[PDB]
Every structure is written in structure tokens, then in C-alpha cells.
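Q: Generate coordinates for the entire structure from the input sequences, incorporating the hints supplied.
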Amino acid sequence: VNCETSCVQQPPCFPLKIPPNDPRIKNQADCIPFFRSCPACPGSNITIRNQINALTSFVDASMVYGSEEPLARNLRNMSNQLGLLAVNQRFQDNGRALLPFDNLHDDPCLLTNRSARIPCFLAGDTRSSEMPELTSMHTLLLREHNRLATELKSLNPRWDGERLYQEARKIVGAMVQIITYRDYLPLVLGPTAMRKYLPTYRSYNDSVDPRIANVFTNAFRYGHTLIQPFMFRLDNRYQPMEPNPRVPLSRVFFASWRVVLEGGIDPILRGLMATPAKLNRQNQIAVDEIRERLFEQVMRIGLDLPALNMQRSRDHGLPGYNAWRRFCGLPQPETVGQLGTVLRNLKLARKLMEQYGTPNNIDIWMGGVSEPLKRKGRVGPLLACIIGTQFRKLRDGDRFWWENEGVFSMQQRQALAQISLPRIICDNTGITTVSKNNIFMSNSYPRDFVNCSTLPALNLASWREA
Amino acid sequence: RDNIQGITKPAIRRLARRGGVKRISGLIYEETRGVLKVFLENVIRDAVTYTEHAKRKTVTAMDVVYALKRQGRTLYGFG
Amino acid sequence: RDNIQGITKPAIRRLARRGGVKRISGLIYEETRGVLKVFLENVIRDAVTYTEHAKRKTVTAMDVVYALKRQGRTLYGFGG
Amino acid sequence: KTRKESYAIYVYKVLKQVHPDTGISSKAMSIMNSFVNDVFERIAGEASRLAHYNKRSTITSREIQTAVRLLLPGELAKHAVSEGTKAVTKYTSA
Amino acid sequence: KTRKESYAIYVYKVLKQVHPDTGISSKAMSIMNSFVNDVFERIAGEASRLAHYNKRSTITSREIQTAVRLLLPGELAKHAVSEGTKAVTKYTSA
Amino acid sequence: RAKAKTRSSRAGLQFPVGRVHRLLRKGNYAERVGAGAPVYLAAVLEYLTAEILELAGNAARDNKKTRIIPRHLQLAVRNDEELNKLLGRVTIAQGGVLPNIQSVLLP
Amino acid sequence: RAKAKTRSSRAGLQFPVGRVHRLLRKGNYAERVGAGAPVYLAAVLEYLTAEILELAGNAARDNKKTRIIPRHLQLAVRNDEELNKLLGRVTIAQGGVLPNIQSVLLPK
Amino acid sequence: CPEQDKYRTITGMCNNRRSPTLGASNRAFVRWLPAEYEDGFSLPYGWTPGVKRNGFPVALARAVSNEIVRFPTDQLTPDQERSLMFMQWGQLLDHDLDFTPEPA
Amino acid sequence: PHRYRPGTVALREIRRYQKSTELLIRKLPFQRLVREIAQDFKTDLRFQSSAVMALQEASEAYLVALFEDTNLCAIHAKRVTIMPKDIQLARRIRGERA
Amino acid sequence: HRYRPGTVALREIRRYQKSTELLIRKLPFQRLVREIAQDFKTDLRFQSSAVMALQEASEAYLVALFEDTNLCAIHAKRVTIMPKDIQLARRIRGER
DNA sequence: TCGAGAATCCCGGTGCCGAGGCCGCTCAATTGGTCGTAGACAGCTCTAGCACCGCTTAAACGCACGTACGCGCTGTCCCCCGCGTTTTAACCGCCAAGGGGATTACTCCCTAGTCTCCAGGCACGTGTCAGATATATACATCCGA
DNA sequence: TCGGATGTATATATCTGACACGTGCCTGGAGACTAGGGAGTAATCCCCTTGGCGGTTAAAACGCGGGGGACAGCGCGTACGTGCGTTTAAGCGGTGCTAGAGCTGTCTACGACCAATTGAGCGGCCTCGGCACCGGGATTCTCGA
Ligand code: HEM
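Residue numbers (the deposited numbering), protein chains in the order written: chain N, 113 to 578; chain B, 23 to 101; chain F, 23 to 102; chain D, 28 to 121; chain H, 28 to 121; chain G, 11 to 117; chain C, 11 to 118; chain M, 1 to 104; chain A, 38 to 135; chain E, 39 to 134.
Be aware that one or more of the hints could be misleading.
Taking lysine-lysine pairs in the DSS-like style, the calculated list, with each CA pair at most 25 Å apart, reads [said to hold, decoys possible]:
no. : chain 1 : residue 1 : chain 2 : residue 2
1   : D       : 105       : A       : 79
2   : H       : 28        : B       : 79
3   : G       : 15        : H       : 117
4   : C       : 95        : A       : 122
5   : A       : 115       : E       : 122
6   : H       : 43        : G       : 74
7   : B       : 91        : D       : 82
8   : G       : 36        : C       : 36
Taking beta-carbon pairs under 10 Å as the criterion, some of the chain M residues facing chain N (in silico) [what the hints assert, rightly or not]:
no. : residue
9   : 31
10  : 61
11  : 71
12  : 76
13  : 95
14  : 97
Hints in this document: simulated from the structure, not taken from any laboratory. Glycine included, every Cβ here is placed at the ideal spot set by N, Cα and C.
A: In C-alpha cells:
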């Protein structure tokens, strides 16, 4: 009853069936493996099935500290009283820290390279070892927390370990909130959807629902349409560095040895800052290394990410395209002409009409990645609606919001309002030349790169307690 | 020229209905005519001054727009 | 930190007496405090913006005059 | 301390012309100075807008007269206009 | 027969970015042009006053940014600032 | 010389940075105008135009129409708190009013 | 040369015509500023100042005081219709308010 | 829930005082619409072959990807206004907010 | 012989003229009134058609706003009928007749 | 001895409409102004004239709003001013 | 809660005029170089905003009481509403005129700019005289007897 | 409607601090030119503003029945003003300190200005379809029992 090796549609497994004349798989009996999400209350025939969000909905840097007591306790440094995060005891990135390794019964990080035998990286989330770049970001955030705790200890020798750790966790969570709501979200929703859905903060409303919607887990997957076909690494001169400056993405998935034994995370972050993403066009929805060549080494066939997304939307029991258009005050198409008007394309509308039969039958993921992107944004109006509403519920419903009174002092708030991701990169890596403001918008060296000695570091002087 | 009576009672009633008025007293029409006369006198005086400065004999829509703008009553759609 | 209560009820009653009011209700005072807080918030925000643009650490009276003029509330006797 | 200029001396001269036996305080002097500044700003801005609207690049006394007519209400404006005109007339005589 | 310049093609280009199928009428075109002129004049005047207050002879992105912060209400202003900043950055890149 | 590249394309805008610079230069605002001031002003104007155009197009689409009329622009402006505050003393011609009836006037 | 006669002396005004021209030229109002705008503006400013000062002096005399305080200016402004219209959005510091009591509130 | 607290709990506990269990980790998702399953409560649309959805058959997800999503890789268009920083922060923000567990 | 109550046709007119955008005053009498008023300032004046339509739009918007404020004033006095004193109070608070 | 209600209220009206002195304690007003301005800047310094101007503007604004409130209360055939008169005055003024 | 009459919604053809696309071309925007004056930076000076300290003491605070007012209910009638008929002129569609808005060419006079200098105006220092501050008086004015 | 009963404008001293004035000097306004471009003045074209006629008919007006709501009694509960005694920081006056506003000197770099080139946008001309248009069929919001 293992989905990785069985194709029978028996609970809790519901796979994807291969249509005739498939470009990759020539066998009809073969199927794409798939797992059904865990029901909230299994064994109940009256209550409607629903899924469980395994992490706290708030923007509290849960990817660095976790959302469970054993995981948060295991991520700390209990060998001293400085309130540091657990680090790597075997390898270092030119003297800099790395995430501790984790012991898994099925460790797939060893499958990518059988000679390196490098395990996965432990952090606040299970999927931290998804790609070398995600591992790089996790390393960056762990290093930033450690450095902040060290600086606070130097500035305030009277503070103990637990207070130092809690203060550093608070500052890191505030940093994640500031970065997400000041840089990322305006570049996701565009100015119009961001303004309409995330207006000026007033105060913590305790009646606002802070939970994550079921649609958000299948409407935030719009990022699957910017996954570039290759992984890029650069040297100190920001030039393609040998060996393998560009790697096929099917060979970098779930590979932590590319981080441990290839000079740490500096080349990976350098490539991240200096490689443009893939634009989303109505004819190029997803590259073939995620549509056809996803996870070769860890399982027995390549995976279809768009098919996985649509199948998950079907399994989660999400309403179709028309109902989610009916939420946001948007017209619901019924015929081919209405779909051609809404989706801004006629051939795409015809293909969707032939595949599904009604606009009500369209899946949320395919529909969301189908209509054209908003102006200055990377989502359609319905996806922008969903994401903006969810993030407004997350923000306005947070009592410990970094701008909420009683969490950070006013001087501390002005100290926090000066952070930036390039500053964290510079303070926690060997990279000297870093991208300009809005690191999410800069991709071409040296057009939008500066020597980062000019960026002011975080001022912890306001954190002194007398 | 008693053209102020040209704004009939049904016209004032229509303007009130657009403004959300359900019941109207009988003496409202004279008061509304006076208010309209005062407002029009102010705006037209400003617009006529604007036209006079331009040494023109015709009141243009730009003159009315500037006269309304000078009173904090900016009007869009005419320039 | 609840300094809005520094606007005492006798002060509000004196302001209303200057305003020609003979009788006052008991719920007037909190409404007056809220209105005053809103007005002061707007004016002070504009004044602090004017100060910040000048790269100054102190808020001069001329910044307050500029803020009030921006809200359409010209004030005479302070600055120019 | 660098020089700081204001209309205080001219306001005092006008007051002595009007009420020779009556003096003025300093807060009232500040009020008079602010009043002069505000009226100057209003008239100058209106004249600038008038010059711009006519595709012209000069502020003249016609623009100032129209600005006075537009800003000052009713009888005031009339008198003010007369005063202004008279001044210009004298400045044209000598 | 003069070449009366207006923000017609620019608003049309923005509209085709936002609503390619949707068109626009003559009166809506006039309203959009009037709004653009009004906001341009508001921001320019506020920036001019800011520059004059600090005895600065030039209008830079700082004066424009502060004028946008003063005039535009609420998050609008913030968003506008972001846009402007980004534009200047790009203009500095090339 | 090299091929001419318009400043709007350099800045990534559609509103004319060159014409905005020309308007600021002859607009009687300051003695000198920086090289980034027209870019900032053009970006802000384009952003505001995009906001109103998006809202008006949504209003027209909900009205089941292909073109935009002043009624749609008025509906867009008056239904938005920030845009209504910005255009608070502004009249949109042929735009009508928002439907609103007081509670006690109902039967 | 000749003795430097101020332009206001020729115009017969108490306000500085030269200073007014300097603030008109440096005020960012127009590319050019005429030679009659300063005299007109100075005359208007002097007339308005004279009127408000005359009314304030009358108010001070009615209060048996020698010096003018802001209360006299406020009484002068709010007792004149045209000055109240011109300064409708103007606040005078330490000027108080006009004494008015509603007829309903009067004892009966 | 404690009457006072200066730091967030690990599980997001006690952020909302009137409803403690709401907003925490390992809690069920919220739904803005009722779930539209094949049978309404248990079967996803496409679980049983031949059962039409709203009167029309359920499309195969792999076929939908093949006909619509698939494109020749060489025709890839890079994003000239965003970098892979955008993608990576998006995935990190996902790992922050939401994660739907599935059985092994 | 079907007759509605005295408070139904008024509400129907309210809903009908609030959803429209047309000008609620007859154009010829309004133009004649505008010309008669402008005769006080200049004689033998000419008006652009756009000028008269702009004046009409401005006046109708002003009267609609004034009537909304007047309705609020009358409701404040626990009334439904619009009376002149409500107009005076609205104009006084607005600063027009103040 | 005792005065019937409304007598010393009229006496206060007559006495306070005469004096031009500020009717708010200066130190609590300074504290309130600094508390409000803290949310916009750090270590902000205020001139004496700045807080004085803020106090004058605030008192004038409150007095004018109270005049409008009294007029609204008179409209509803009443003598006591209530918060809804304040709200109506603000709405018709346009501040709301 | 259900018929009658009426207002509005919403389908289906129609053609029509207004918005969108296309074609020249010209005036404005771009490219390439210099000048020097405005602004960024660094340094020194000395206001003045800031933070206790002690004493009055004017005022804020809280309470007891009762009188005036807000609130609600009742009754009248008359003023407002909605419909039927008739009339009045708003409106649409040419028909014609012509007065003024808009455009174009020349020039000349008024404004910007530069150089010198000298006197009005600003910052300083002072003393004396209106003005806020006590004190008793004669009114000024309110409440049951 | 008077006796006192509270409050206050007023006549008579009394310090006092701030305003009107004298003075030094310095920097900005005045006198005197020159250069150039903005607008003052005609002059022509057309367009769009005004007056008129005439047929349609949409709407304004007059009248009338009736009903509902605006306004004037009438009473009752309560809460807001008034007076009193206790408490508390407001205000004042000195005290010391140093943060930062303000002025000054260097230097450089960035925007104004000029000349050459070309293409972006604006006006004029088709052209077709979005929609305001006219029947006509549902759809129902309401009123009277
Ligand atoms: C770049 C390489 C990426 C890979 C390899 C990847 C892979 C995956 C996979 C395999 C899933 C589960 C599919 C399923 O439902 O069966 C998933 C879920 C998800 N992805 Fe991605 N993803 C990537 C990037 C992104 C980006 C850039 C975003 C958003 C900006 C994103 C948003 C999400 C979300 C919200 C989920 C739902 C969480 C869950 O179902 O557990 N992903 N991802």
C-alpha cells in the first residue's frame, strides 16, 4: 500500500492516472504517485473532511525555531548559557556555522550522492533540505539569530541564556515579518491588490481570524511557475564558477552535499542574488524539469508538479474556479467566449474548455496560473485576492505584531525598521558585494549590486536594560 | 427675467430624491432656489472674472473649472 | 502612558463654557478627548514629517505652523 | 546671530499712523506679521496660477488685481483694488 | 489644429496593461487626464514648498518623496513611494 | 551616435519622464530640478493612474460593459476610502452619486 | 548717482516695495515679475494691515487699555464681516472668542 | 492561558485570549467555502471513474498538465524584473506559514 | 383604482434617481437662469455649451450634497420631513452661512 | 444660600468668554503632545513655542467644535449637548 | 398571506455613430560636452531643551441634594403625497448667419543680470511707565419671606 | 420681592518687567547700464454660438381625497449643576548639563545650457461593432383584507 511503488487507488492513496499518448511514460498501467492529505478527524462519517496546518499560521519565523516544543528545544544550544541555536559539529562554511544534521529513517539526502553520504539539514521545518538554496536561507537565518544573541550578550552581560534566546527569537520573527510585508508581498500581489487587501495597520483586532485557509495551500503554489530550469552558482567575482556553474535542477533537488562539500552557501546565495526567475506566460506554465523531471533520485520516476498541484486541489475538496471567482466579486464564466474574455486568451480557453467541459470544473491551481498576471504582480486577480486576504488575516490577527504596542519598544521599533536581507547576508556570509534594495527585484551583476560596506548594521544599543 | 422659477418644484424634488430625501416640506423649494442662486452667483462671478482676465467675451469650460477649483470644488471631465 | 486623561473634566467644561454651552452631558468628555487626540495626531504627524525632511532632531514651532497650514488651519502669533 | 527680517517696523509705522496714542504688544506683532505673510502668499499664488493659465511667463499688476478680486471678499476687495491701483499710479508718476 | 499634448496614450497603455479587452470613452479619458494633472500639480506644489522651507534651490527625489508622504492619504502614499524609489533605482542602473 | 533610448524605457515606465521633467522645469516650482525627480513623479502618476484604471475597469466589468464611462470612475473613486479622501473636494462629471438611503426612511 | 530713494517712498506706502519684489522674484511664482506687481501687493498688504489695526485700536479703546493685545485683534476681526470672511480659517493665538449666548439658554 | 506573557509560545498558544486553541499549530484549516467533494464529504472529484462532476466528467490531471502546462523548455523566458531571491523567499514563507502533512 | 401609500413612490424615485447619472434639471431653464445670473456681472456675454454643462453638473452635485446634509440635520431632530431650518443648520455647520 | 441650576453655568460662560487665557494645564498638555509624537520619532525634542502653538490650535479647534455642538443641540429642541451633536457637527463639517 | 395593476428586469433584432486602428511628419526628446555654483561634508560655538529639587497653593477630586430637563406617550389636523386631465414648453432636426476663438508674423520694450555703494534695518542694551496684583467699597444680581 | 448673600466692577496703592527708544554696523536694495525674448498688435480662417421654425410629446401644473406625521399638552425619572472639604500635582524659582541648532570653510559633482539628430506622438481619415434603441416576455414590489 505504498504510493511510491503501488498504483491502486486505495485510501489513503489516490494517484494520477496516465492518459494515452503520454510523452514520457508509454505504459498505461504506470501512474504518478500521490498522497492524500491527513484528515483532521479521521473515522467520522458526519463531519466534513478537512486538513491540518502543521505550523503556526503567524509570521513568527517558524522555519527557524519550529512550532513544537521538542523541535524548538532541540534547535537550541544547551551546552552553554548564551541562548544560541544548535549548529553543525562536523563541517563549517569557511569558519561559519551550518544547520545540525537530522536522523531520519528514510534519509533522501544520501540518495542524490552515494559517495558524499551527506545527510539532510535540520531546521524549523521538515522540508528545509528541499534545495541547496532553501538550505542557504535557513543557514543565513540561523547565523543571524546566533550573531544577534552574541551581540546582545556583549551589550548586556546581565542577561541570562533564556532571556537572550527569547529576545533574539522575537527580533528574528520581527525581521521575517518586516521582510515579508515590506518586500515580498508588494512584489507578489502588485500595488493594487496589496493596497486593497493589506491596508494601513490600526491595531490588534482579537476577533479577526488568524487561521490559514485551505485554499491558500493551493493558491500560494503560484511560485511553482517561476522555478528556473537550472541551479546557478557564482564565485567571488560573480562569474560562472567551475565545476558545473549551471546544474540541471533534477540533480540538485534534495541534495545537501552540494552545500556541505561545495564551499558552503556563499556560491548558492551569490547565484540566487544574480539569476533572474522564470516569467509566467500563458503558453509556458512550468518548466519540464518540474513538470516531467521532478525528484528522479529520491523515487522511481520524475514527478509532475502542476499535476500534483491540481490533484491536491481535487483531493483537498476545493471548490472550482467559478466559486472562488464568486468570492471576490469577479464574473463567473460559463461558455467558451466568457472564458476567453476572462483568461485574456482564446486558444488557452479552448484547451481548458475541451479538457474540463465547464468553467466550474476548472481546478483552482490551473485557473490561478492560467489568467494573466496582475500589473506589477505575479498572480492573477483571484490568486491575488486569496493571498492578500490570508495575509491580512495573518497580520491584523497577530497580537505580537512587530508594530503592535507592548511587544517592542518604540526605540526598538525604529531600530527594527532599518533591517534588510542583504544586511543579514553580509553579516553572516563571506559575500562582500550584495544586491541593492529589494533583493527580490535585483538579478543582474553588476548592474544592481553594491559593495555592502555601506549598508548600516542593526543597532542593538536600544536593547540595553538598566 | 424671472428665470429662477424655471427650476420647477419637480426638479427640486428630483434633486432631493437623488440626495435621499423622502419627504419635503412645502417651503423647501424657495429656500433651495435661494441656495442655488447664491451658489451660482458665487461660481459665475469667479468664472466671469477668469474670463475677463483672459480678455475674452465667452465663458469657457476652463473658466468654470478654475472658478470651481478656487472654491475647493474641483470638477473633472471638462479639462 | 495614558496622558490623554491629563485633559481633565474641569478643563473640558471650561472649554465648553467658552464655547457658549450652558448644559453638558456626561458622555461629552470622552468624545472630546478622542477628537482632540485625532486632531493632535494629524497635526503632529505632519509636523514630524516636516522636521524629518530638514534632518533635524527637534520639532520647531514653524513645523507646527506648516502642519496647521497644510490642514487648512492657519495659526497666527507663532512663527511667520 | 544672523539677521531675521519681518514686517514689524512697517506694521508699527502703520499703527502709529492710525492710532498715535495706542501701542502694541509682541504677540500682537507676531500675529500682524503672520497675517501679512499669509495674505502675501495667497495673492502671489493666485497671480502665479493666473499667469500660468494664460500661457504667460510674467506676473504683472493685472494678475495681482485679478488675484485681489478673487481672494478678498466684497467691499474689502473694492477698496483694496482702489488702493492697489492708486499705488501703481503714483509709481508710474515718479 | 495644434498638437494638444495630454496623457491619452499613457493612460491607454496603462489600461491595456490592466484591462486589454476593456476600452475607454472620451469623457473617461477627460476625467483621467484631469486627475493626472491635478495630482501632478499637488505633488509639485508641495515639493516646491518643502524645498523653499529648507532654503534649497533644487527639487530632488527627497522633496518629491516627502510631498508624496504629506499629500497622499494612508497606505496610498507608502505604495507611491515604493514605486518612485524603484523607478529611480532602475534609472540609476541604466 | 548610439540609438536613442527614451528615459521612460530606461526607468521602466510608460508615463513620459521626459515630458514630466519638462513640466517640472517650466512649472515654476524651483530653480533646479534633479535627475531623479521626474522619474519619481512619473512613477507616482503611473501608479495612481493604474489604481483608478483597475478599479474603474472592475466597475465596468461588474456592470457588464466593454468601455469605461464616468459613472464607473465615480463608483471606483467613491467606494475607496483612500481615493475618496484624496479626491474629497472633487466632482466627477456625469458620474452620479452612490446609492444610499437613511435607515429610518425605509418602511 | 543719486540718493537711494526706496520705491515705497515714491509709491507713498509704509511697506517695502523692494523687499516685496525680492520675495516675488525668489518665491518661484513666475519666470518674470513685473515692476507693478510689488507696488500693488505692498499697497494691498498695507491697506489690510491698516484696516485690521484700526479696528483693533478701536477695540482696545473700548476696553480702556493703552496697548494692543491679541484679544483686541480677535475682537476686531470677528466684529467685521469682510475680515471674518477673509480670516475664516485663521486662528489667532491668545485671542479668545466672541461673547455670544444662545437666547434659549438665557433665563426665563 | 497565563494572564500575562512577554514572548510568543512555541505553538502560537494564547495569542487570542478569548479563543486560545484558535491560531495554534497542528490545528485544522479554516474554509471560506464549504468543501465540494464528489459525494460532498468524502470522495474527491475524480475518485470514482465515470462519476461526472456537475454533470460532466472529471478531467485527468496529468492530461491537463500535458495539453496545457507542457511547453518546449528551450523557449523559456527569464523574468527581467525578479530574481531567484523571489522564488526562494516564497518557498521560505511557505515553510513559515502553511504545511499540510501527508502520510508516509 | 390602485393607490400606493404616500411613502412608496418617493422611495422608488430615490432608488431610481440614485442609480442614474443624467442631469435632473431641464437644460433650457437652467441655461436661461445661468445667463440671467451672469447678466449681473457682464452684459452680452457668450457661454460655451461645455461651460453651461459644467455649471449644471457642479450645481447639481452641490445641491445633492446639501440635500444629504439637510437630511442628516432633519433626522437629528427626529423628523423625516425636510424643513428650511435644516438647510440653514447644514449651511451654518458647513461654514457657508456661518 | 444656594443658586438654582443654570445660574453659575451662565456666570462661567460670561467669565470665560471674556478671558483669553488657555483653559488647559500646560504640563499635562506637554506630556500628551510628547506621548503622541513619540510614535513618529525617537528622542524627539520640542521647543516651548511648538507645544504652545499646538495648545492654542487645539483649544481653538475644541471651542469651535463646541459652538457647533451647541447649535446642533439647539436644533433638536434641547439644552444639553450630547456626543451625537458632536458627531453630526463633524459629519456636516466634513472631518468624519 | 393572495389577486390587480404597475414598475422594473431582461431578452432579441437594428443600425449608428463613436472608439480604435492606420498613415505622415514635425516638434520635442535624446546624445554628447562644459561650467561653477549649489550642496555634501567636517569642524567649532553656545543656545536652550532637558532632568531634579523644594514650597506654596490653586485647582482637581469626590460627595449630598434637588431642581430643571430629556424622554416618552396622546391627540389634532392639515399639510404633504399620488393620481387624472390639460396645457405648456423642452426637445429634436434643419437652416442660416456671423462674432469671436484660435493661429501666425514682427517687433520693441520690459525684465533678468551684473557692479558698486550706502543706508535701512537688525541685534544689542536700558529705564520707566502701563499693567497685574492686594484691599475695601458700592454696587450687581439671585431666592424664598 | 426683601435681607442678606454671593459675586464683582471700581477707586486707591505698589512693584515690575517689557516695550519704545538710542546705537553700531552690515548686507541687501537702489542706481546704471546691456542683451534678448515675451507679448502687444494686427490679420485671417473657420467653428461654434445664437436666433428661428415646426412637429412630438414629455413633463409641469391644477385639483382633489385622504392619511400620517409635525407639533402642542402632560407627566415622570434622573443626572447635572451647586456647594463643600480633602488631596495633588501646577506653577514657580533656581540649578547644572550637554545635544544639537547654527554658522563657517573646502571641494566636487551634477544640473543648466548648448548643438545635432531622429522618432513619438498627434491630427486626420476610414471602419466596424457596443450599445442605446424599439417591441415583448418574465419578475416582482406593493396594496388592500
Ligand atoms: C523551487 C522549487 C520548488 C519545489 C521543488 C517545490 C515542491 C513542492 C511540492 C512537491 C509540493 C507538494 C505538492 C503536492 O501537493 O503533492 C509543494 C507544495 C507547496 N508549494 Fe512548492 N515547490 C517549489 C517552490 C515553491 C514556491 C516558489 C512557492 C511559493 C512562492 C511554493 C509554494 C508552495 C505551497 C504553498 C505549497 C503547499 C504546501 C504543502 O502542500 O505542503 N513552492 N512544493
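Q: For every hint, state whether the structure bears it out.
A: Do the hints match the structure? See the list:
no. : hint           : verdict
1   : D:105 to A:79  : holds (17 Å)
2   : H:28 to B:79   : holds (22 Å)
3   : G:15 to H:117  : holds (14 Å)
4   : C:95 to A:122  : holds (23 Å)
5   : A:115 to E:122 : holds (13 Å)
6   : H:43 to G:74   : holds (18 Å)
7   : B:91 to D:82   : holds (18 Å)
8   : G:36 to C:36   : holds (15 Å)
9   : 31             : holds (5 Å)
10  : 61             : holds (4 Å)
11  : 71             : holds (5 Å)
12  : 76             : holds (6 Å)
13  : 95             : holds (4 Å)
14  : 97             : holds (6 Å)
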